[PDB]
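Just the one chain here, the form deposited in one PDB entry, laid out as structure tokens.
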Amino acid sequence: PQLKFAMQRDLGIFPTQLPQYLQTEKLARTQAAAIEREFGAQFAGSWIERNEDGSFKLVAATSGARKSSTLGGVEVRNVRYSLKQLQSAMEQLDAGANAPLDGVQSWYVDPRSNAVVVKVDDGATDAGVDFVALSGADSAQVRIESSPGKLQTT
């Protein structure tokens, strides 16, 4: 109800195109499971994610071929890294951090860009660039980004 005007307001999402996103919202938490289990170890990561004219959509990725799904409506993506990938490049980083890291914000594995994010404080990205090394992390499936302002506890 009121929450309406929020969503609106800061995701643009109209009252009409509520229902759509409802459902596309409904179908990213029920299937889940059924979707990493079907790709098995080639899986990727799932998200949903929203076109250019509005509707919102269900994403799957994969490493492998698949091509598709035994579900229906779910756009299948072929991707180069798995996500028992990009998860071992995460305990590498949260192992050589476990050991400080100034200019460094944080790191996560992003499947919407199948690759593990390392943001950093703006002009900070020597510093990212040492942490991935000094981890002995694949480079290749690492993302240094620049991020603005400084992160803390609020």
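Numbering follows the first chain given and starts at 1. Only the largest set of C-alpha atoms that superpose within 1.5 Å between the two forms is called the rigid core. First, how it differs from the form deposited in another entry.
Remark: with the core as the superposition reference, the CA shift of residue 10 between these two forms reaches 2 Å or more. Residue displacement note: residue 136 has its CA displaced by under 2 Å between these two forms (rigid core superposed).
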The other form holds:
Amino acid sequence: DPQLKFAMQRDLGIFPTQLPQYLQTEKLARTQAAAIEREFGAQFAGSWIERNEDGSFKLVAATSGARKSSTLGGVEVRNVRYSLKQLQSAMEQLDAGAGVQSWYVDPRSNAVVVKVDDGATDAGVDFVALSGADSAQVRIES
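Please move on to the form deposited in another entry, as the form deposited in one PDB entry is already shown.
If you are looking for partners or other molecules, they are not here, because only the chain is given.
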């Protein structure tokens, strides 16, 4: 009933085959969740799950630190620049001073993602600019 396959790529965006492993990773994150947080501390950028060209997913955890690696299992370490901490700050600002279709932190793109309506980036460029938010940690989307 390739309607499963077709549909899973159709709405879940994955394949009946490429599911288990994803979940296996789903499960690995939950767990090494408390650890990774502790291990990196407040350098701790944030953490997410990426895909491997081989079409497999992989849990990445990021540090606004420098430990180019770690001892945990299945956890890929990736040294970002800003830290979930610092990032939140901007978000205080992005709110302090608040087309802007909603802003918010996002560690995959190591910064606070500001969202605006096509034809609005001018809104944000502005918005963030009034917001007092250090642009290096901002990232207008549309």
